[PDB]
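Colleague: Listed here are the chains, written in short residue letters.
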Amino acid sequence: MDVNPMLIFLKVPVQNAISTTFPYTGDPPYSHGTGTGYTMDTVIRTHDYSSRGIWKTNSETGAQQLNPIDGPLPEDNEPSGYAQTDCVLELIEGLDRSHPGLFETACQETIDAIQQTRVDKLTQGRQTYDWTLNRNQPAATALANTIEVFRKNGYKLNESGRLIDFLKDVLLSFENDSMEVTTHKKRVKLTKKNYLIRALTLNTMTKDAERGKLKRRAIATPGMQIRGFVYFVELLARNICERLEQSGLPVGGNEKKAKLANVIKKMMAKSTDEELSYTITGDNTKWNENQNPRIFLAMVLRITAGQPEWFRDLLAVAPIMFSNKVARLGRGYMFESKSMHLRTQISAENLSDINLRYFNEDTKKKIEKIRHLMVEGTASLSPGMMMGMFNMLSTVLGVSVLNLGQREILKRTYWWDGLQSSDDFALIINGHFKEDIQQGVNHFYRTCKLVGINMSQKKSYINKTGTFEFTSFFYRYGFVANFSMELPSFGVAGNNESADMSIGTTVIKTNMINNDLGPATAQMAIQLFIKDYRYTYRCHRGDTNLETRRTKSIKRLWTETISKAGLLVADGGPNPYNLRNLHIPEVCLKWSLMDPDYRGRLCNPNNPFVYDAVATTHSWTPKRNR
Amino acid sequence: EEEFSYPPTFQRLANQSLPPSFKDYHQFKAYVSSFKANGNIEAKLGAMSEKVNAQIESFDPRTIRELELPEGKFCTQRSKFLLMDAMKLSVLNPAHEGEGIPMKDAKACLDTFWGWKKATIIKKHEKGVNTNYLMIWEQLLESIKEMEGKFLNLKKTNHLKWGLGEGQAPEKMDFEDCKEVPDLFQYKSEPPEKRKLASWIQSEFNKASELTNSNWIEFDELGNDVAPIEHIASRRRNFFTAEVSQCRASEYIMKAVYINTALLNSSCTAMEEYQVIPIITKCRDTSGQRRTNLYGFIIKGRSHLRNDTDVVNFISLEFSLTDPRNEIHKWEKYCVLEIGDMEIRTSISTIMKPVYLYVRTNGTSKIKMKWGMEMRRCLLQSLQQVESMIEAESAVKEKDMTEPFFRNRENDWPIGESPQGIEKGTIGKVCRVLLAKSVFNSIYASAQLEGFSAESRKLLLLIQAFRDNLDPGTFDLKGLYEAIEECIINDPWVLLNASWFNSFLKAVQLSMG
Amino acid sequence: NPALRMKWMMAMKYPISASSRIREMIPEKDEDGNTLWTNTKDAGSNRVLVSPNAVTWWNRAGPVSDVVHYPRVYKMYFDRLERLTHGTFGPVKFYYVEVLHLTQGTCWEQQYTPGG
RNA sequence: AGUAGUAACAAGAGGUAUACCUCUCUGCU
Ligand SMILES: [Mg+2]
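Chains as they are written, first to last, in the deposited numbering: chain B, 1 to 184, 207 to 632, 657 to 672; chain A, 202 to 714; chain C, 42 to 136, 228 to 248.
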């Protein structure tokens, strides 16, 4: 016999045991080295889809920009960026017609949220580029450095603490032709062109630990001055996208399965004996490199129509900043020699003015193709978006295309509906014959080609309605299996005893709530977490036969106290947890079981040692880095 | 009221962020804000060319072709330890005054093997100085017997520095000093060379699903069960742990956990010496008496790790009884000595066999040691497959399908392909096979596996959509085939998984005639 | 990585930074041969490094104080406990916000009346 | 040599000066 697990699919459907085709227990792939090859590949691939635009030299930054929209219509199935803008304004007007009062209510609540936002709301979130250092930093440090450098020069409008005043300071700071920045010493002086290029810079790294890609890719982090406008625009688009029923974002958990079952219940309700219904499961190819920011400017100027003009300007800043962006090309390259047996490192700013006899064939071709885009070590990137920035406006545009296909609007022999999330879409098409379904697919695909949305012909497939997949939510006949998120390691997080205990139990609880964790898997996760906990803090049970540095005093504490079921795990007591009591912290679960001398020795405030938990002597503070 | 206006510099920026036929930002705002459409989309869709359409080609799995497997040399082993070939020296219920310290247990297991002959080479490393491997084993055998303490650190000899590769990294200069060498070039960035699928990895996955006579994984206690869903969960979990514990995949889990834990502790504690690390697992018998098994030694190198991908080299020396001269393509990386003789007194005969030692120079990183410390997730994930299928049968029957799913003492599930046809086993064989699949997905994990699984899931779902009479169809199937087939280069697990998909596709062809 | 940092920091002898007034209550040596504090300090802040045997020593042989305000200080956690333990369960019906991991699953559900 | 895979690790930052030196205890039955 030769063992084959895929033969399991001969007995069950594939939708039941699809969790065997997810190899998420080994290490995900990482990238060793520079992200310069990937970022130059992104720039070259972006300027090769919008090739028939118009090249205009930018007046201020001096960089060569490219304008794809209102351009020639495509004539193949390769991805193109030529989005006609009257079609974009038409789809936004139709989305306004189908939902009365939507854009006004979203804009009204955004204006309500603008005048009561403090500047420390920028401190939240992930890392951020810092142009005073040319380095990624935390958001709080980059914000503090930007406020300090603005305070040295004559820009102090953010003294009131608000955020719109800090954006006023940001816009006013482009006046200064004499920006002096203390660099590592000597305080160097930026000119106006250098500061204006440094403000519009995205810092590009390689995305590590991603699942489902053989070859790596590049992602980018925005600057500090462009974080606030992006936050306000994403707030408006978030307030819109929560009210379109065809938007998969930003909800999740059990409030996403209801959307799939709702659109299947709607679109397959009143089907006659002839009313065929098909379903396309589809991914979009090149979702980043084809949505132009000027299309987003037309969208945020059509959405905010009739609003006060300060609102239109404040929300229109972010596409204007994004259509002039540059890209920092990373950390150079590494050269070697095996005769003299030595290696060297070259930086990114030498790429435009080096001899090309040191590179291979393909990288020399890449430098020759990117050489005419260099501005002070950065490459101009006017066409195309980069990943992660505008995640809800793209969903708004896709929902507009899905809202084109109503019966009252089309008046054809086909109609459609469905869901769109980020760059993942599920489209349900009803018609009378199969050729009507084919013509409806053609109308959808050709309409998507007019706004930059490119359906991937390789990774999409169509069948009859009942089984499909939307962002790794697998729907079969009314049953949704969720495999969107990775099954996390249920180990300790590394704070202390009590903090890691409470964090682990609440993590298993929220995974049972959100990501469909079964009860038996939850019990085995409790077992694995307590096993790794008792190893990590050297706090195994009292009656054990092991030996560590704590087993002497743990042994004495076990033998001396009487009600042995009342000690905590870090005192070598028994694990009390099960499925019904994951939300209770450990000190409260064993309160009535503790003998009062042990409890009084535990929760004394006078000890020198000192998640929603109690405070005991186990809540100590670890050794800092020396 | 609120106020926001542009400065002149940002205004000259904003006049260049428009559609190309405009010239002023306020003019484009006035065009957008007073736009009344007149069916522009119909004019564009009548004006766009007719090559731009999503044509449907209908899917038929009785006509599609098999996935291609590449050509080259046979694929060789790349695991950190020997999987089905390793031999273990055992101590039953140890009490030797160290009692858990790994070097004391390694000495206690080494003293139960007499028959140390003079070590000679029987399979050479192809690109190595094999006398350095022989002298590394002789130096380790000398330095074990003279240890006084809890840790052994080796003397920095010449052959040990070659075997760990010290001094092989070239020097790092400034660019302005050496920019005038004719030999200077970029680091080599070729794609990997393709490899033909060999015949041993199917044997490894065969033997990694069979029961053994030990009880490997020992879980903790749980609280007092009260709720009925806790009783259902306890039923499912206790059947699974009763059926999955004694398999070899649990032994590989425990061995990988112990090796990577000891490697990370010696890397972050003593990051200067050549620290000898032993390979220990601890198990019980079916009678309950403890047992300590030793598999081999690992000599660490220097570990100045600052990134998450910086590599520490090590030398792994593992005992075995498999003569490597019968499958010699499997061991291109190794260097195999012959170090002893062992007496097998079994129920049939009473013979002697030579005991070999497999020596190789491997390397690992910090993220690989971290993810190898957490191989116990395999024991989770397979359960979350099997239990999930139970829920997948509870939503089309609307009852607790727990009990008529584990009390099915009958060969029901297909799991194999013999030369007689497709073979069926019980549900416990499925649990052991899914645990072995998760373990081998964690040992041989690479990027090609991610690409292959993520691109073959659509072929599985298309075949499933065909078999439910849902009439599937695709738009570009050759691109899907090429996107799968580019991710099959040289990993043995990816080549074996593509062979498994080819056999599944031929089986579902033969199902419907 | 903070988890790996905790794992290699607990392997060393002195991982816990205790306050500098620990020397007036608990001695240096153990009854079993372990050291409970050195005379080191932390990174700039004068807190003397200890071993976890000091924590277990305090838990088994510390100064007993009075703890009666904890049913009122951390009252919401004991409220969770009492609403769990005084509530009775029900059947598994195949087809509040706190226990939604317990009484509302992927396919099944469970009747659960709370305490009272 | 070896890990690995579209580019890297195979020690690096320094002092006197091509040789030395400061910094950057490990027990999962
Ligand atoms: Mg999709």
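Quick caveat, the hints were computed from the structure, so don't treat them as lab data. The beta carbon of each residue, even a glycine, is placed where N, CA and C say it ideally should be. Heads up, a few of these hints could be off.
[Unchecked claim] Label pairs and their in silico Cβ distance ranges:
1. A:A231 - B:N284: 38 to 46 Å
2. C:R46 - A:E604: 40 to 48 Å
3. A:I549 - B:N536: 54 to 62 Å
4. A:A370 - B:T566: 29 to 37 Å
5. B:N536 - A:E349: 36 to 44 Å
6. B:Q124 - A:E269: 31 to 39 Å
7. A:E251 - B:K235: 28 to 36 Å
8. A:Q256 - C:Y228: 33 to 41 Å
9. B:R239 - A:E251: 45 to 53 Å
10. B:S614 - C:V133: 24 to 32 Å
11. B:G234 - C:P68: 54 to 62 Å
12. C:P68 - B:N536: 43 to 51 Å
13. A:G240 - B:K288: 48 to 56 Å
Colleague: Are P68 of chain C and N536 of chain B spaced within 43 to 51 Å by their CB atoms?
Modeller: holds (49 Å)
Colleague: Does the Cβ pair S614 of chain B, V133 of chain C satisfy 24 to 32 Å?
Modeller: holds (29 Å)
Colleague: Please check whether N536 of chain B and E349 of chain A have a Cβ separation lying inside 36 to 44 Å.
Modeller: With a Cβ separation near 55 Å, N536 of chain B and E349 of chain A fall outside 36 to 44 Å, so the hint is violated.
Colleague: Range first: 54 to 62 Å. Now tell me if the beta carbons of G234 of chain B and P68 of chain C are that far apart.
Modeller: holds (58 Å)
Colleague: Look at the Cβ atoms of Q256 of chain A and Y228 of chain C and judge whether their distance stays inside 33 to 41 Å.
Modeller: violated (53 Å)
Colleague: Please test the hint of 31 to 39 Å on the beta carbon pair from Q124 of chain B and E269 of chain A.
Modeller: violated (50 Å)
Colleague: If I claimed the Cβ atoms of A231 of chain A and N284 of chain B lie 38 to 46 Å apart, would that claim hold in this structure?
Modeller: holds (40 Å)
Colleague: Per the hint of 48 to 56 Å, is the separation of the Cβ atoms of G240 of chain A and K288 of chain B within bounds?
Modeller: For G240 of chain A and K288 of chain B the Cβ distance comes to about 27 Å; the hint is violated.
Colleague: Does the beta carbon distance between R46 of chain C and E604 of chain A stay inside 40 to 48 Å, or does it fall outside?
Modeller: holds (46 Å)
Colleague: Within 28 to 36 Å or not, the Cβ separation of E251 of chain A and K235 of chain B?
Modeller: holds (34 Å)
Colleague: Range hint 54 to 62 Å: satisfied by the CB atoms of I549 of chain A and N536 of chain B?
Modeller: holds (57 Å)
Colleague: Does the beta carbon distance between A370 of chain A and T566 of chain B stay inside 29 to 37 Å, or does it fall outside?
Modeller: The hinted range 29 to 37 Å is violated for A370 of chain A and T566 of chain B, with Cβ atoms some 45 Å apart.
Of the numbered hints listed earlier, those contradicted by the structure are 4, 5, 6, 8, 9, 13.
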